[PDB]
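In case you want the letters, here they are:
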Amino acid sequence: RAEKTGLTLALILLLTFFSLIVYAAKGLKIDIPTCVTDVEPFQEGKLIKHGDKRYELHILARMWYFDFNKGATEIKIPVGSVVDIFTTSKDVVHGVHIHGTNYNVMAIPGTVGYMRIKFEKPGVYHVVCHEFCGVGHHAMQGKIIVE
Amino acid sequence: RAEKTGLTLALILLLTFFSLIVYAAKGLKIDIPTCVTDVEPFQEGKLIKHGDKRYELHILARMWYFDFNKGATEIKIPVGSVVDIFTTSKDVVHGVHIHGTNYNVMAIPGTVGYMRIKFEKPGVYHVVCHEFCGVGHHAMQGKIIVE
Amino acid sequence: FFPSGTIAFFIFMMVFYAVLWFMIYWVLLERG
Amino acid sequence: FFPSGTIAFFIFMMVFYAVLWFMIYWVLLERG
Amino acid sequence: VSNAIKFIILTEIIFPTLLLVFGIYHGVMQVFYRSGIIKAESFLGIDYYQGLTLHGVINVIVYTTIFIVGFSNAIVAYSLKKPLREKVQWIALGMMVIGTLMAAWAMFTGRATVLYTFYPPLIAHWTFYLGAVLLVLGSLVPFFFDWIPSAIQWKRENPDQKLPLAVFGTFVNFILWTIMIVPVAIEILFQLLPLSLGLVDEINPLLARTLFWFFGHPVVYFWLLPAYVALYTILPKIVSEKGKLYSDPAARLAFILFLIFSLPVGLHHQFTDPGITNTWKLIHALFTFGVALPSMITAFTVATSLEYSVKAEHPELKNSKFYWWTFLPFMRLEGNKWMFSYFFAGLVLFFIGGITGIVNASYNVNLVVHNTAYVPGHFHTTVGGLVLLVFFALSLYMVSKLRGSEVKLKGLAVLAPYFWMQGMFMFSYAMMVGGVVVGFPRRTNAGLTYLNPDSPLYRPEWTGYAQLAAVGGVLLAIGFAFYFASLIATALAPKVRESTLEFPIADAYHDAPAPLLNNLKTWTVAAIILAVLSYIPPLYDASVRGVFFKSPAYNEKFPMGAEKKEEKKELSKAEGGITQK
Amino acid sequence: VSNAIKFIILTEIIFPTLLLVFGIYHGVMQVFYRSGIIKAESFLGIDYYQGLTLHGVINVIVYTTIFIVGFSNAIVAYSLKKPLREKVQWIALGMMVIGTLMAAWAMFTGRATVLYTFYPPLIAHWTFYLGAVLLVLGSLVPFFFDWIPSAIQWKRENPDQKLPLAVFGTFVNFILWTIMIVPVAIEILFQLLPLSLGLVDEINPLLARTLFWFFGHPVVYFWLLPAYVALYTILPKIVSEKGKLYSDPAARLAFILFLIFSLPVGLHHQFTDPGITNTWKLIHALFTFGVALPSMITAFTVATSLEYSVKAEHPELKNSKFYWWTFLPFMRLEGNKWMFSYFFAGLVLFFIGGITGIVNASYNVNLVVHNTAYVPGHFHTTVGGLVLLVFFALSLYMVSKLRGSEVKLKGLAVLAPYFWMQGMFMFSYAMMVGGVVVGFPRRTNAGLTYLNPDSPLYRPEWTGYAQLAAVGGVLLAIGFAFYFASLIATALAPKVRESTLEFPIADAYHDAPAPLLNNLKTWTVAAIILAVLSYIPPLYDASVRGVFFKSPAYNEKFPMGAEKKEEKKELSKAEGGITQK
Ligand SMILES: CCCCCC/C=C/CCCCCCCCCC(=O)O[C@H](COC(=O)CCCCCCCCCCCCCCC)COP(=O)(O)OC[C@@H](O)[C@@H](O)[C@H](O)[C@H](O)COP(=O)(O)OC[C@@H](COC(=O)CCCCCCCCCCCCCCC)OC(=O)CCCCCCCCC/C=C/CCCCCC
Ligand code: HAS
Ligand code: HAS
Ligand SMILES: CCCCCCCCCCCCCCCCCC(=O)OC[C@H](COP(=O)(O)OCCN)OC(=O)CCCCCCCCCCCCCCCCC
Ligand SMILES: CCCCCCCCCCCCCCCCCC(=O)OC[C@H](COP(=O)(O)OCCN)OC(=O)CCCCCCCCCCCCCCCCC
Ligand SMILES: C/C(=C/CC/C(C)=C/CC1=CC(=O)c2ccccc2C1=O)CC/C=C(/C)CC/C=C(\C)CC/C=C(/C)CCC[C@H](C)CCCC(C)C
Ligand SMILES: C/C(=C/CC/C(C)=C/CC1=CC(=O)c2ccccc2C1=O)CC/C=C(/C)CC/C=C(\C)CC/C=C(/C)CCC[C@H](C)CCCC(C)C
Ligand code: HEM
Ligand code: HEM
Ligand code: CUA
Ligand code: CUA
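Residue numbers (the deposited numbering), protein chains in the order written: chain B, 3 to 149; chain E, 3 to 149; chain F, 10 to 41; chain C, 10 to 41; chain A, 6 to 565, 572 to 592; chain D, 6 to 565, 572 to 592.
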């Protein structure tokens, strides 16, 4: 018929879409945030793990400001570095969008969003929060300056 | 007829438009740049005329950069001041747009565009140039910082 | 025959004008 | 009766898709 | 029609739009708040987030879920030719009205500026949760007490006759809904109604985000299915009166797909939540590319029934591709043909909402756009593009046909869909580009700080994309004011003829008695066994293995297990219910 | 028609569009340069400002001024029913072709990246100035040697008969043009052709900006008048074949206004130049609100002739306001009805270009928008909205009618105006808002520095308005590629019938032998005495009392009186010429 032609068109379309998203998610790993569990108490955080490039960032998201170091809404990181960003809110469900990169994770209380990005191009990377977290949400951001 | 109705509509429209532009140009004077002539040799310029508020700004526009003080693409001016901005290019026809205010004057060689604006709201007022002035035009601006 | 339609089309004009024009005029005034 | 028009309308779909989708996918890849 | 049933239907057509007038009002005020022109942090005593709770709830919880039961009362009573039951309609409308009033109180006063999704642990006033639950759960009483009978009666009396498409569509739709109330009616009643009016002191703020998107996502298809029963039965007859709805079995198949594949898909809204084990988000970004298939079968059936209908009244156009689509009544007045303006300006917006949804689900690609301003691009061109415009058309049509008024200001009506489609274009375009390229976030006042050229949180790059959307806001405010003038003038006056319950129902070019489908039993069971075999994993997470402590409840202005197995052994036991039918 | 005249007309229909293909190519590349996506400072060896010189010259100097003489050859030979003169057409086309080739050389190679206005003292290569002068001055030889006779012959032989509207329009138009070449043909030949190939060493860089906008502004109305003779004579016949052109005397009046009031208005382009004495800029911002009147008389005559025509083929629609505009052939194929797509998608863009021009002239309000990105909003929706779309329609139609080909790919044609109108909307809208609110300037690469998120001249606020216009650029690139495919397929093949020179010419619902107008003598004299009594002041300035020294000539890549009285005593003596006629 013609319904079969429409259907094979839709099917080849969606199969192409899906083959590519699984390709990008497996090769050249752009891994969506998964479940990570080692200990993760998490009200703190930043460690210069392997010195020049590797890091471990712990952006606890208190209510109405982020916490990149011990109470410092901004942070400075050497270029090219490859951070290991863990995110966990203190109180409510908090968005953590890092505008330059594709780090778009929720900070759910009692969970530890893991994702591993590298800051190839210098500049400033605003860490904005999108999910709603009460009044005084619109004034919740903080920068990851990569000079 | 009906052409007379269309015509009286167009006429009341344009008469309203024109009565208002002449009103704004005469009362609450927003004077378009006119011919001014005292001496005006003009390759220089900035004077703190009446101290706190009145000024006299001489933004000579060399090829591919402005000249607000003796070779200083930027300038700082106290808030609320009421400058007297004179503009005159050195070589070619140069636009002088001052983005915050409605100071939009050409710097024609051998002419002195006068206009008198006051910087009520602080900030930075980029002095961009719109008319074409050769390659290296896209890198021709300079700020009037009003802190 | 009375062109009763264009008169209303004009009324729509020149109230689209005199709104666009008035917005840019108010930008003129709001700029000091 | 053969719906010869919707087949071409689909061909227009899913080439409008697979262009919008590919633009956002390329934004995904271009973001490191 | 009856005398009270007409009043029921009239209330459920007018009360939802009389309430949606505020939803649209604050929609405009939001595209002004976000575009940095009405800065401050409030207006007329309704701050941004509380007006946002309203623009969300009013528009997709109290508007649709009420208009759906109204229009379904209508279309089922008609297609079955049965007379509705008043002592049931009455308690149904009573519960929906009381529920909406309890939800709109304590949302206007400010007790529940939580949001329309009420993401915990951000609790609201119990009159918001009990209100919304009563609103929802009070639209089933029609389904289960009014036209499950009188369709079991109409069936058996024939008895070898397929169920009409218009009522098979409402059956698939309300079976969907009956199923997907279980999740949110467990989440609310056992996590947020206990946490508010504090009885419990803790909550699982991931299990209550799951168990929500097990309701937030089947509800889009619950809205979409009446738009589709319109597009199938009423569109090919508001086009020329020879329209036929090519391939009735294809429509029944699309409905069966929205039955099975719309329930297990809800995990693709929380792709970035950190608890849920990845490789389940992948299965659901697969079932999403599966449930976006029936809509691409509808894009074929309702683009052929648009071709068969047109090329039946214009034998010239025979065997001509692309030259019809020009002979369609885009802007015709004069007799069930204004409605094509709505159906078409809805189908275009849906064309765009579909690719945007397909993108949004590409779970990798859901990192580019999650909770940016892209997502309002998705669910404005879907909801407020097709579902809302089709509901507008049917509102005008039914308020006419069952009150007597022919239709008033029909020209303003016919124009409304085009102002609406163009406002939604001029607005969704700016917001989608500004949400992809500069991350313009979602649910953020963004006009008080992120666009205050003085605040130390300025982010200049966003001003363009936010000041080129105010015109979309204005334009669709005018586009809705048009339809609203038309509806009020239609409802008001004057009665000219008998108040009947007609509907232009097209009928089945290619008809088939196909009994593999047409069998909601043994497909409802499929839809229930799936969507449990696809929530065991994410509900195992978010309950154990996903969280490390439970969270108290925070008001919006102050920094202050069995609950799963119950909904599991509740869904899997809804099978006795939907099998005895 | 003849055998060589058809070749002349075909060259002047194809050569201008075969050249405009580069104008459009670099238009797209510019809306990519300015929106900060093709940064650098060049592409394929054509840097931004040289490609801008091309996109300006090619599009409004060598495209229109050639298509105008082509289409006027056609419409005059037809409406007078006279056969054109070959030994005149030949030298006319020879001069226009040689001139355009001399201007396009030394503009492609890079010798004249000055701009299409060649604002001195920024001189170019003499082959650009002599080229443009020869191009322009070589389109008069038709007017003065071909159809000033053969219209003086057609007149006197009748002899009591008005001049046809189609040829009275071209007469007003080319009288306008004959007058307003004097300024620029004095400026070039006496200031820039001497300064280049240095004979003089100085220039008056204000007198050569005046004496230019004494040509730059009457040339917009020189283009607009053939678009208007189309809208008057050909539109009411490509609508239903009962169309009539309501009020022929109103059309003749509008033409007489564009004769008198289009010449003295040119000082409203240099409102911000500092020499010209203010209170003359005010008189010209008055004559601008005067010359924007005939276009608001045309907006009435060509919106009534659109109503009389429609309500003549639909006696149902009688005495119905607003419901026609729906019965117009918006997207009809099949026989001089595709052309309505062009005329209407041109009339909408002109609706917008008109208010934008009215604004731009409000000499106060010309400080908000002067040389911002607003002005491309003005002269794209005017030129590339109406003048270009009407010229496209007539190109397709004449290449068909005088070669034999019916029309090929007519569907792509019919679509082209809508892609074009929507590209121009999606692009002019972003640019107009971004030029009003954030001063997004004009003629600036603006994608290499003002939008380089690294350059110390960043200005972030501009990125929104510049990245929401790339889609307009793309969309109208597709919209022009459509028409171009249609034109090439039409020109190519195959000949089916006799190559005639037809034209659907509507005729005069309300006809009148009004001799106050119809009298180009004693109105040409008015247009010449005015526009001298309105340039004595600004030319007294800019010559004395306006400048304090003269300026040498600067190349674009390096920091390196009687000339008025001549053009005065040249205009005032063009009266003997245009009176003997
Ligand atoms: C205000 C603030 C300023 C900034 C806003 C700037 C924009 C302003 C509005 C722009 C449009 C104004 C012009 C209105 C009239 C246009 C002429 C017309 O509509 O005729 C239609 C053709 O429709 C169009 O496509 C024109 C729409 C604009 C251009 C779209 C370009 C997209 C691609 C081209 C689409 C064309 C088809 C190609 C597809 C591949 C012809 O209709 P017809 O059926 O052929 O008519 C035949 C007729 O003779 C008759 O015999 C028949 O019997 C018919 O039954 C009757 O038809 P009709 O005459 O009644 O025409 C009805 C038409 C309605 O047109 C519209 O207005 C829809 C346009 C969009 C909404 C405009 C809102 C503005 C106010 C409302 C105007 C309505 C009148 C009220 C006036 C006060 O039917 C349709 O056109 C349906 C729409 C079809 C295309 C939808 C897509 C449009 C948007 C495109 C994408 C935008 C986003 C871009 C971002 C993504 C990048 C692509
Ligand atoms: C009724 C309301 C809704 C419908 C319908 C809908 C359809 C889809 N959605 Fe959705 N949605 C998502 C994926 C989809 C997919 C794949 C589809 C599919 O059903 C869409 C398929 C549609 C078809 C593919 C369209 C083609 C068929 C039509 C009929 C074409 C017209 C045919 C033409 C030829 C007709 C002729 C006329 C002219 C057009 C030519 C995702 C993805 O991960 C997210 C969250 C992302 C982020 O992380 O939160 C999401 C978020 C939402 C929200 C967010 C709530 C809150 O703000 O978070 C809402 C309200 C919503 C409503 C609706 N959504 N959706
Ligand atoms: C052919 C090309 C052009 C036309 C026509 C044109 C018409 C006007 N212009 Fe202009 N223009 C200016 C003022 C006007 C005014 C008042 C009119 C008037 O003629 C416009 C009147 C038009 C009518 C008021 C429109 C209504 C009539 C139509 C016919 C309505 C449609 C009717 C509907 C009902 C039909 C039904 C269909 C639907 C629409 C409903 C000013 C002001 O000070 C500047 C410089 C500003 C800045 O400082 O440089 C300027 C700059 C330009 C440039 C700049 C060159 C370079 O970049 O600097 C160009 C190329 C240009 C071309 C053209 N311009 N103009
Ligand atoms: C045969 C040539 C094939 C070439 C195709 C090239 C595709 C290149 C990809 C670019 C994508 C843009 C698509 C533009 C369509 C071009 C087709 C066209 O203009 O001509 C085809 C058709 C007229 O030709 P036809 O119908 O075959 O002639 C019958 C003779 N009695 O045109 C028509 O009259 C029908 C077109 C519909 C017009 C729509 C008018 C309403 C405005 C909004 C439209 C939205 C709905 C349509 C959606 C599907 C679009 C195809
Ligand atoms: C009588 C009520 C008066 C109320 C007016 C309120 C004005 C408020 C200001 C808002 C401005 C937006 C203008 C919207 C127009 C609303 C008018 C309308 O929809 O109804 C009028 C008319 C149908 O009514 P009528 O023609 O009188 O009925 C004849 C009965 N045999 O509608 C029509 O069918 C004709 C409308 C034309 C549709 C255009 C379709 C093409 C798409 C682009 C249009 C562009 C061209 C039109 C330009 C002028 C617009 C009026
Ligand atoms: C996705 C999104 C793209 C994401 C961003 C793109 C820029 C990336 C490009 C991009 C990415 C970068 O990383 C980048 C970095 C630095 C500089 C520049 C860039 C850049 O430019 C934008 C598209 C948004 C939607 C899609 C617009 C939809 C418009 C409305 C909502 C409705 C109108 C369209 C519908 C569909 C009508 C269809 C019916 C009919 C046929 C009309 C024709 C329209 C056409 C589609 C044929
Ligand atoms: C002027 C200009 C306004 C200037 C800027 C405005 C924002 C000032 C507002 C403004 C000024 C500030 O100082 C400011 C300061 C701080 C914050 C915010 C602001 C602010 O918001 C923008 C308008 C540009 C033009 C005008 C858009 C035209 C669109 C296309 C070019 C073509 C489409 C429209 C045409 C006309 C079609 C008409 C036919 C038909 C009827 C369709 C309906 C359309 C409608 C007009 C009825
Ligand atoms: C009429 C013009 C409308 C405008 C200008 C408008 C504007 C907006 C805007 C800008 C947002 C984004 C708010 C944010 O992300 O913070 C929004 C959200 C939303 N809109 Fe509207 N809207 C309109 C109509 C509608 C309609 C008709 C519907 C549905 C029937 C609707 C449903 C929604 C929903 C569900 C949200 C999400 C609210 C939330 O995220 O909680 N809108 N609206
Ligand atoms: C087809 C799509 C087109 C696009 C995307 C486009 C793009 C542009 C842009 C962005 C500008 C501004 C350049 C600047 O200000 O620096 C411009 C200038 C201009 N455009 Fe185009 N254009 C198009 C077609 C046309 C057409 C068809 C015409 C006229 C027939 C035209 C005439 C002009 C003119 C005269 C200028 C002024 C150039 C100058 O200032 O010197 N454009 N174009
Ligand atoms: Cu933290 Cu919103
Ligand atoms: Cu100085 Cu351009």
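Keep in mind that the hints were calculated from the coordinates and are not lab data.
One or more of the hints may lead you astray.
As the list claims (entries may be wrong) - Distance condition first, Cα-Cα at most 30 Å in a straight line; then the derived DSSO-like pairs of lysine-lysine:
1) D:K576 - E:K6
2) D:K592 - D:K11
3) E:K92 - D:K413
4) D:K247 - D:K342
5) A:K415 - D:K323
Stated by the list, open to error - The following residues of chain D were derived to be distant from chain F, with all beta-carbon distances above 12 Å:
6) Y251
7) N365
8) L497
All C-beta atoms, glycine included, are put in the ideal place defined by N, C-alpha and C.
Going through the hints against the structure:
1. D:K576 - E:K6: Outside the cut-off at roughly 42 Å; violated.
2. D:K592 - D:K11: 27 Å, holds
3. E:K92 - D:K413: Distance ~56 Å between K92 (chain E) and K413 (chain D) Cα, so the pair is violated.
4. D:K247 - D:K342: 14 Å, holds
5. A:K415 - D:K323: With Cα atoms ~18 Å apart, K415 (chain A) and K323 (chain D) stay inside 30 Å; holds.
6. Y251: 7 Å, violated
7. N365: 9 Å, violated
8. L497: 40 Å, holds
In summary, the numbered hints that this structure violates are 1, 3, 6 and 7.
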